[PDB]
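For reference, the chain that follows is the form deposited without the partner chain, supplied as structure tokens.
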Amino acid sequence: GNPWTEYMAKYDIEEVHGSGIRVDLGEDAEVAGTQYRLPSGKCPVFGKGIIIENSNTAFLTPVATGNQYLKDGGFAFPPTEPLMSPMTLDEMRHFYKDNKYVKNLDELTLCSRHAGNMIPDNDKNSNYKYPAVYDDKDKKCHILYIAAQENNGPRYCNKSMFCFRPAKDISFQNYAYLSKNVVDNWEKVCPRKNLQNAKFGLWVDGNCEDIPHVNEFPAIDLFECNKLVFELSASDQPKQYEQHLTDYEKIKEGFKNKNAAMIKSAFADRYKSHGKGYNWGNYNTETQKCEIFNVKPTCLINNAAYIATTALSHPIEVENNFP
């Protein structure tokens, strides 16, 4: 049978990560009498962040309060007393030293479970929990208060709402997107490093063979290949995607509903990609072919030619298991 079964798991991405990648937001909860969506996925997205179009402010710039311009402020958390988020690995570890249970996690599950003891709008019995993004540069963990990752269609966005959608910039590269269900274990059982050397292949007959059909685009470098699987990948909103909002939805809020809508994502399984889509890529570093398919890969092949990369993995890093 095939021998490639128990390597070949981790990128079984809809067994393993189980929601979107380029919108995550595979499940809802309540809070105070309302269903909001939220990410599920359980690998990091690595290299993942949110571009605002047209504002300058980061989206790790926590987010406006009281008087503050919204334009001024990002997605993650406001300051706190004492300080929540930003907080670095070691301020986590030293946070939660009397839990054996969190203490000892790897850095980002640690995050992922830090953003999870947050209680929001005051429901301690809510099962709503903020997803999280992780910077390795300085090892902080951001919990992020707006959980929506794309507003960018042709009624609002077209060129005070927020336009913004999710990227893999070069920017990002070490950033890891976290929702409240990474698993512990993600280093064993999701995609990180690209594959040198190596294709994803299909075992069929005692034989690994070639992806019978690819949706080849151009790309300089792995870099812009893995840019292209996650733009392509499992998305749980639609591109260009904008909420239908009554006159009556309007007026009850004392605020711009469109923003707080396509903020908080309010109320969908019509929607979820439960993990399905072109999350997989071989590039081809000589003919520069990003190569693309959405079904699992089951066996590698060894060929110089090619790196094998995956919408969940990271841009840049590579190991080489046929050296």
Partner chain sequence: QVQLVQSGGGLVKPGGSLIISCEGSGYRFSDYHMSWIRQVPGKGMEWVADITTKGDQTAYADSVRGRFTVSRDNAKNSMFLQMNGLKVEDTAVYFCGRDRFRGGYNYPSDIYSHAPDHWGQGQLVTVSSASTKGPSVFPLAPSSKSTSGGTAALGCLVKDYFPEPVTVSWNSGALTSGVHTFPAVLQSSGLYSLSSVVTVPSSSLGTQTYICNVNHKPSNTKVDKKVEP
Contents of the next structure:
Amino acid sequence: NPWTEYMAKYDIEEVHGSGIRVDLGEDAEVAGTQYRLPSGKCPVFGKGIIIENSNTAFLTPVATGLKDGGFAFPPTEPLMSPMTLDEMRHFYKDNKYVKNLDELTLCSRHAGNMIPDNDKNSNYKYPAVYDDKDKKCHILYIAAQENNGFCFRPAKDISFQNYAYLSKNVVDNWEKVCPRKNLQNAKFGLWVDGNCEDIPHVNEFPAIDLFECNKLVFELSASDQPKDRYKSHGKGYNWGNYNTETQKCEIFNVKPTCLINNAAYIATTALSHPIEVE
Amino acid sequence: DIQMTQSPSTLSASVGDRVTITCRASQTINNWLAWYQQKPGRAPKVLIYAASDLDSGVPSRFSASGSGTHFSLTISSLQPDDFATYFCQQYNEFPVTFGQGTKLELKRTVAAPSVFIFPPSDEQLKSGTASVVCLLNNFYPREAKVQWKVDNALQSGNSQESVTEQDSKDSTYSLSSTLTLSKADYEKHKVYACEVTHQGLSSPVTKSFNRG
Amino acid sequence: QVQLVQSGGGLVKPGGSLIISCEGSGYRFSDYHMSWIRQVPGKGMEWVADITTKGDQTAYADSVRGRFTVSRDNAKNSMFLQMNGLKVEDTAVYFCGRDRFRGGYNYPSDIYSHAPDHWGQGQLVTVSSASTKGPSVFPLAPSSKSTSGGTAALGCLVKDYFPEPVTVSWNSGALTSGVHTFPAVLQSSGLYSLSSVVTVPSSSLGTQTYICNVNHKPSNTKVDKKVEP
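Okay, that's the form deposited without the partner chain, but what's the structure of the form solved in complex with the partner chain?
Full assembly next; the chain just shown is listed first.
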């Protein structure tokens, strides 16, 4: 299979290893109690949290003493969140393990070096969102993504479009081993009998443009939300073939192992940015 | 190709006043508008990005709003430093397009000019050219009319004006009108009068000199 | 602190080429999208070109595409603008901008449009087949028609120079308040002219000397002309 090494980054169950819609793939101890915690290894481009029935953006700092505020780290002294890329690099100037890091990886590490509730003996590391609007890293105090039985749900929105949801486990080489941009004139397929064949079982949903297809794939993507139980480990409807000519979004839950050179298709993943195309 | 239209192009106001600068687009630019401040001869300084977000260090009196085709930058309580030029930028599409700018200027009380006239130097006349300079000094408002008279004869098309920026402290303007003649034309006439008409002057003033 | 320092501005004859530089410090140069923006003197701003962080992708305005080439060398913390086949219509002040603010997306181009947060000082690029010419400096003598109310207005006239700029000081920086160096005026000859005036006390018109220090770096002219009555 000549596509093995190129298609490795679309093996989401391996290169990500956790839920995408809802990432709660690990547990950690904080003052005795065990809590759930995002643990995906790839950035989730275009992901945010919608505060159902609220005009408060989810990157607003949490209520400092619930409806009033959002999910972000409250103001502190010195200020840790939000922190610009220039501020982060200067803050960790003397740290050797930051010099070759990138803006997204640095944000995840910076969020991960924050102590949870005065328990220094805890592997609980807060998630974060990096905003390319102004190159600011927002540490997230609330690491929950969905509550719609204060009601909120995750999604991809035109407003969440410069965001990137970052677990504590984002790899410093996400640039090579993770999906970011969608593929022009390419369709996901399965290598069968020495030739790339179509995906055998997909669900076709109308989608006016690429953004809607990516939003759908995200909604059906792997979800660790309660219904080590309720951990997807990256399994789900994470992939999508978007037919630009027919405006059809073809979603499936099997890892693709090759690409079909079709000029009417754009290949997308739940992790991928909803708009960017190579 | 998005055309940004910034209005008004000139805005006079006093210290402590609220001003708004409107910038509008021919088609939607979503929320990707930035505001800048440029002092004369200096590089721009960023004020607003995403049409409502202040950069770090920008004073809280600055604020902005808008989305789509309607945007506005507001300064709640002007300070002497704020008087400068402002322009919007749209970064939703290529080509990136800007507004032509708005010159915010201070509003002081009327001030009459100090009118002076300088005959051409002997050094310059030795080069076959003569320049007669008339100087209006520290006046307000900016509008002023300078008429050159040679032996009571009006001159047209042979004078050039130049005006400085509003003074950092006086809030006044200064103007130079330069009358450029040849040596031959300059030695045929005798009286060179500069007449100034300004709001701060009850009637026109005339400064003049006789050749020799 | 963050600084953007430019160099390379000058006078180029039409059809010629020039390279402008933009060196950044106080941050990691490789982290930022960048822009080239020109300001036609007196008019408003006009975007020229964009370059991505890695330098892979470039975007150009219609009026310069095919003639200008933007490039960057992140190892040297430097960005460049290669201008070829220059036209008189390109005469303007060229700024470089650090593009921290990401905005809209451009398909199929794969480049985002940005807004700068820091600007360079600017470099004046003048395209004209005219020749650099040092100024003549003539005095505006303090007369009885310039004395008024215990102060006297004197100055000196900088005439027939190309290309801009000129920089006039007084008594080598002693007089800094009340100095009115006027804007330059392009004459019928294609050369610029300028005047500078200061207000001095009338009592010292004979006791003290007043010297206007004109500078024209393109012609390597640095003159000191004394204005006396």
